[PDB]
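Only one chain is shown below, in structure tokens, and it's the form solved without the ligand.
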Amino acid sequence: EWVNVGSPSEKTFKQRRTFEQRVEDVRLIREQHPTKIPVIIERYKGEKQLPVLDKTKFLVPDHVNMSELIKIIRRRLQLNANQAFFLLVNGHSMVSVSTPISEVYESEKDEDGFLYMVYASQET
């Protein structure tokens, strides 16, 4: 019954900005890119295998699907084709990957309007 306190260095994009900052951010870009889906992608906390991604915020054309997106992040991470890789949403991978991101948004988006993803070598 012992709170494990995290290093304040370890904090996610969400943990670093305020709710109203986040809600505001979203409304701003959606006014400028109403055809795009704003996505936050970060390395899973406990993960040594895969590297840290240079950029973290992504505007995804609202037609693009999980299969394409996955492809895109692998390339951005410069993985070899034999590395295992998962993009996770609300902690779990995506079953339909021909489903376009705008559908996924509406079901999985966050209270603050962002869509949060996380990547790993294992599927949990």
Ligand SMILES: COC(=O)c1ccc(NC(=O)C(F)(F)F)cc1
Contents of the next structure:
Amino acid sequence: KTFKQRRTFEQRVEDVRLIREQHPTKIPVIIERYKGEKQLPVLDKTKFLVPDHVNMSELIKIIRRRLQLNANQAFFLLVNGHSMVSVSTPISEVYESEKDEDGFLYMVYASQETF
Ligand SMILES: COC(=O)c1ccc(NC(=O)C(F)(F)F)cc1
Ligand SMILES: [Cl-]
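Please supply the corresponding structure for the form solved in complex with the ligand (the preceding block corresponds to the form solved without the ligand).
Whole complex next, starting from this chain.
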């Protein structure tokens, strides 16, 4: 079901190495619905190439636009399994501290803060 489950550590590593060589200015992001989630829809895809200059506040806005949410639907975004300390951090900086050993940046969303 989940991305890590579908692809071998070997395959996730190689894909990240390709994105480096074909989309060098992009952060390779895995974005996934919380397995519990009842309310929000599933995304049309899993793997996103995010411009390395957008901050986390703008990435939340992008995903809310991609889910076509409305103003008063709740949305929470975990990064590397935990809460974002700050939405104003640039995704280039977030990547350098929160990336996985395979080289993706893993995110999970829900309507509840309690995942
Ligand atoms: C130079 O701009 C692009 O080609 C480009 C890159 C990524 C995305 N999409 C997202 O950030 C996503 F996936 F989170 F919605 C949209 C356009
Ligand atoms: Cl690029």
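For the two forms, the rigid core is made up of the largest set of C-alpha atoms that agree within 1.5 Å on superposition. Numbering follows the first chain given and starts at 1.
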Value in Å for the CA shift of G91 between these two forms, taken after the core is superposed: 2.4
C-alpha positional change at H33 between these two forms - rigid core reference, Å: 1.3
